[PDB]
Amino acid sequence: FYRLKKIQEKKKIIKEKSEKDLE
Amino acid sequence: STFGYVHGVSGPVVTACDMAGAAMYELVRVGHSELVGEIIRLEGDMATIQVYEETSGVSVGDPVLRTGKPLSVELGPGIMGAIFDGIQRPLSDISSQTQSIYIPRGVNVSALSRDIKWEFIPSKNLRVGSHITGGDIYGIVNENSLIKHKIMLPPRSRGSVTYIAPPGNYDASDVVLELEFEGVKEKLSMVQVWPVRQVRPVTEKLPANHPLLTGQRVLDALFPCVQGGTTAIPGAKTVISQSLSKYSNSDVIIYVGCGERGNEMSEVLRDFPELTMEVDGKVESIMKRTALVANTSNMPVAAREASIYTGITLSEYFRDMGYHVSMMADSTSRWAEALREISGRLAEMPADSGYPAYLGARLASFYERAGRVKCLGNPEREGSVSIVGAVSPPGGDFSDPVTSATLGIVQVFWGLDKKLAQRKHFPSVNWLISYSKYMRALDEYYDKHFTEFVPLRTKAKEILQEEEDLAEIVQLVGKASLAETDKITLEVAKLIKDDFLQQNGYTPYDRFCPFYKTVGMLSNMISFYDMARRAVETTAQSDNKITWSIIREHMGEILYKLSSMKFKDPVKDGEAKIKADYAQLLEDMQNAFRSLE
Amino acid sequence: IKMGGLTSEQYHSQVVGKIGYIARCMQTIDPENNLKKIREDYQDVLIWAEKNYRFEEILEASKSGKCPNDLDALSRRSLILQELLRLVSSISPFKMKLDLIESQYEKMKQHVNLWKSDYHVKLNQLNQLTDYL
Amino acid sequence: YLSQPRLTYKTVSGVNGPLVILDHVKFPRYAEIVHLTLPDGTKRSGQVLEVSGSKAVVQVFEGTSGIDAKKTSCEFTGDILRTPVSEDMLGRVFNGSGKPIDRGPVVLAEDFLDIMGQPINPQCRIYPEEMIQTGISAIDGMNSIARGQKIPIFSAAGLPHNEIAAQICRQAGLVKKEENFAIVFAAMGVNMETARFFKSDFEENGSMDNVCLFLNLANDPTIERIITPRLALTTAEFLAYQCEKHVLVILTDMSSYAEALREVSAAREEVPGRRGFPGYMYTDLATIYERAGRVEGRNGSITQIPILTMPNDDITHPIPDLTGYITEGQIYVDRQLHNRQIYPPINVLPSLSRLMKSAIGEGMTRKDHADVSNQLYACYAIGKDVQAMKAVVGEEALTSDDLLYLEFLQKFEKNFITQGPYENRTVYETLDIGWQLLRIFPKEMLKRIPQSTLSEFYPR
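Residue numbers (my numbering), protein chains in the order written: chain A, 2 to 24; chain B, 10 to 606; chain C, 8 to 140; chain D, 3 to 462.
If you are wondering where the hints come from, they were derived from the structure by calculation, not from laboratory data.
To give an idea of the chain C side of the interface with chain D (calculated C-beta under 10 Å), a few residues:
1) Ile8
2) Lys9
3) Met10
4) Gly11
5) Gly12
6) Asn76
7) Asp77
8) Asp79
Over 12 Å on every C-beta distance to chain D, these chain B residues come out as not near it, computed from the model:
9) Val292
10) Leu416
11) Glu566
Even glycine gets a Cβ: it sits at the ideal position worked out from N, Cα and C.
Could you put the whole structure together from the sequences, leaning on the hints where they help?
Encoded structure:
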C-alpha cells in the first residue's frame, strides 16, 4: 500500500509538471 | 506522417514523438536496425512502444517507422514442422540465412518461405463468377503426407471469383485467387495475415463432447479432457507434452515455450523431430503434424506475451480447417510474469502480488479461444483447439493468483502434488484435488461406447476417498478398528493407486495406455472390490466369517494377475488380445471368489 | 592499478617508501659498511637510495619498471631486514659479531613465514623488557 | 571504428543516489557508457539507463560520492558497454567493473563484446548431456549435473556454500570408462574472507593458469556488481564459443547481485515487484542464467553453477523463486544438516536437477544409477516423514518398516551425504554406497526399481 501510494504520488507530480511545461 | 522519431527509452519501452495518426496496438520499427515494437499508449503526437527485441543502442531522434497493421501472423503452407520466435520469425530459416548461432537483432526473415514450391489443387466446386465467403476452402495444399493444408478465404473477406489457379506448383507470392466485391478487386496468395490478439470468428461455438485421451490412466479415467477442452496442469509437463504429441487424437499439435528454460527448449526441439507414431499403417515423425513457438526465458518480455497469442492464433488457423488441434503452453505463470513486468514498466497500478488486475481478463482471452467450433464458410466442418496451459506456482501453492485466475476459467485441472512427485509416484496427479467439468458432456459418449465405465469411475473415486479416511485413522489407531470391508477397501485402493493410477511415462509398457486397456484394468479391480465386499458382508452375523485375510490368501493368484494387467504391451498385444486376457481374469476372479461362496 | 586496495599513485608511493626504508635500516645495521652478504641481497634496491635520487624520480622509475615494483616482495624483504635490525638494536649495549649477524639473516631469509616464527615472539619480549627499562 | 570525437557535458541537472541526470544531451543512446571526471580529478564510469529528449539518466559504476552538479565533466562514448575480451583473461584477477586488480596490464582485446551477449537461436542449441562428476555424492547421485547445465547452489545464510563451490571447482570432471574446465569465477558483494578463500583455493590447487576471477567485494560500490556477472558470462561466451573451451561459470551470490538491481530501481522511482525488487528481475536474471549450454558447430560449452543465498532462508523469496523458474532446478544447502555438522549440508529432498532424466542412462553412466537415485530419494522422503512422527506420536509408536526408514535416514546422512572437503567419490563409487543403503530394507520395499535391476544389484 505505501509503495503504491508513493508511485501514484510520483505520477500525479509528473502529470502536473507535464501540463505546466505546456503553458 | 509515415515515421515518427524516438523521444525516449526505458528498457524494452520506447517513447516516440511525431506519431500523430498512429493506432494503439499498431506495429512499429524503431532504430536504424528496425527493432520490432508495438504501440501501447498514445498522448498527443507521442506514443509509447513496447519493443520485442533488446533496445540497447537505440538513440533519441532515431526513426520510428509505423506500419498500419497490428501484431500479426502469416498463416499458410510451411507451418507444419516449423519452429518460431514469439513474434513469428522462423528459427530454422534465421539459422539458414544468418549462418550463425545468434538471432540477429532486427532480423526480418519472412514467416512463411517465399521460395519452397507447394502443390496446390483448386477446389473443384469453384468457377469464375462463383460466390465465396470467409472460411471457404478454395484449394488444398499437399503440405505433408499427414496434414492436408486447407487454404481458406480470410475472414473479413468475401466476393465473386474472378481468377482461380489451375492445379500445379505455386509460390507463397503467387496470386492463386482473385475475387471482387463492390467493384473492388482483391488479390490473394496461399498466405493470409491475421492479428494475433483478434479471435478468428466461427459459425457456432459447439459443445465439447468427445474425449481427448492423454494416455495417462489417472487422467483419462478420473479427470478426462475433451476435444476443445480448456485445461491446465501444474508445471513439474514433458511426459504429458510428448504423450499428447505422439498419441493425442488431435491431427495437429502446437507447443508454446512462452519463457522456456533454454535447455528444456532444446530438449523439445531436438527430441520432437526424432519422436514418431504408427499412423495409417506407416511410421511418421510427429514434427510432420506439429509446430512450435519457442521463447527462452531471456527473450524480451513482449516476446513472452506474443508467444501465447501467436500460438493460439496458429491453433485457430488449423481449427478452421476442421482439425482437432491440441496446444500445450510451457507456463501461463511465465506469461503472467511477463504481464507483471510490462505493467510495472508502464507505471500501472498492480493489485495482488504485483500482478496487474486485468491478468484474469488476459488469461480468459487466451483460454476461452479453445473449444469445438463449426467453422466459417461453405464446406461444413467441425474443428477444435484444446489448450493445456501449464501453471507452476512459487511453492506448488494453488492459491497463487495465476492459479486462481486459471481455476475460475479452465474446465479441467490436473493438480500435480509435491508429496506424490517426491515419492516418485508418476504421473503425480492428486486424485482428490483435480477435477473435470466435462464429465456431464462426456457421459453421452461413455454411455454409447463404454456402458460399464461410469459406474467404475464413480466407484474408483469413492474407493480412493475412503482410502484417505482409512489412511488418516491408521496413523493413530493402527489396524485395530478397521472392519474387514475397510481392509478390502485399502487393498483395492492400493491396487488402484499403485497399479492403475500409477503409470511410468518413459517405459514402453506405460508410455501410452489406450482406453480399452484403461477401462478393462479398472473393471477388473472394482469387480474384485464388489465380489470381495460381498464375500465379507454375506457372512455378517453368520457362524463363520470370510475375513479379508481368508480372501487375500485364496485370491493371491488373482491379486498377482490384477497387478500384472499394466504389463500388456499395446503394440504387440492388440485390444482384442488385452480384452480377451482381461475377460479370462474376470472369469478366474469370479471362480476364485466362488470357492468361498 | 588498484593493487591490494591501493590506487596506482598510492601503490608506487608505498614502493618508494619501502625502497627508502630498506636503505635506512641497512645504514643502521651496517653504518660500518661491513655486512656485505646482507647488503648484496639488497643491492638491487639500495642503488636507488645509496645514490642521491629525488623522491619522484624513484616513483617515476617504479611506474616505468626501472625500480623494483613488487610491493609484496619488498614487504617480505623489508620484514627480514627489520626483524634483523630489531635483534641488533635490542642487544645494543653488547653489539654482536658481524659474522653472527649474517648468520641470523640467512636463517631469517630461509624461514617461509618469519613474521609468525618464535624469533618474532622473542623480539616482542625483548622490546617489552627494553622499553620498560 | 567510431573515429568521431566524444562529447563531454557539464550539464548534470541532479544526482539521486547512484544516478546522475544530465540535460541538453545531443542524441543520447539507451545503455550508452559515459566517463565522469570529478572535481578531485578522478575518473568514474557509468551507463545511461533512461533517455528522454535532451535528458539522460546515468547509473555510475564506481559510485557517485564526490560528484558535483556544476564542476563534473561527463564524457559520452557514443556506444554501449562493449568490454575488451581475450584468452589472456585466464590466469588473472579483475575488479567488478572489468579492470585488472592483479599486478598486470589492461586486457589486450582479441575482440570487443557487448556484455548483454546476444540471443542464441534455440534451433542452434545442443541439449546438455554428458554428466560431470562433481565428486560430491549428493550432486552426482540424488541429483546430477551435465556439461552445459545451469544448476545453482542455493543456501541458507552463513552456510558453507562457498566450500561446496570450491570443492566442485577442485574436483569437477567427466565420467571415466584436455578434459579440464576453464573456470570463470564472479564474486558479487562477497566478504573478504570469501574472496581470499577462493583466490587462494585457485592458487593452492595449482589450476590458476586456467581460471578467470572477477572480484567485487562487500566494500566495493554497489552498482559494479550489476556488471560483474555479465563480464564473467561475456568471457565465458568468448572462451567457450569462439575459443572452444569447456567453461564453468560460478556466480557467488545472486542475492547480493539482486540487491544492486533493487538499489538502482528504487533510485529510478520505478514500480516495485513483490518485496521491493524490480518487476523485470525475471527477464534480467534470465539474461544472466540463459548464457549456458552447447551450440552448433562448436566443440566448446558453458556450464553454470550460480550461488544464491536465500534472505531469511525463504524458499518463496523473489530471488530464489524467479531463479528456480529459469535455472535447471537447484541444489539446496540446509540449516538442519549444517547444525548437525553434515558437510556438505545438501538436503537432497528440496534439491532438484532438470537434467537427471537424460544425463543418467545406460552407456552414459552405470545403468542402475537413475533407478537407485529415485529409490534412495523416495526412501529419504519417507525417512523425513517417519522422523517427524518419531517425536509427534513417540518413537515406540513406529512400525518395523518406519524404524527401517528412520535407520535409513540416520545411515544415509552419515554414509551417503557426508563427504569431507577433499574426498572425491566417483559416480560408480557413489552408487555402491547407494546400494549398501538400499540393502537396509527388504527387497520388496524398493518399489521404484525394476525386478531385473534388483535381481542384478540388490543381492550384493
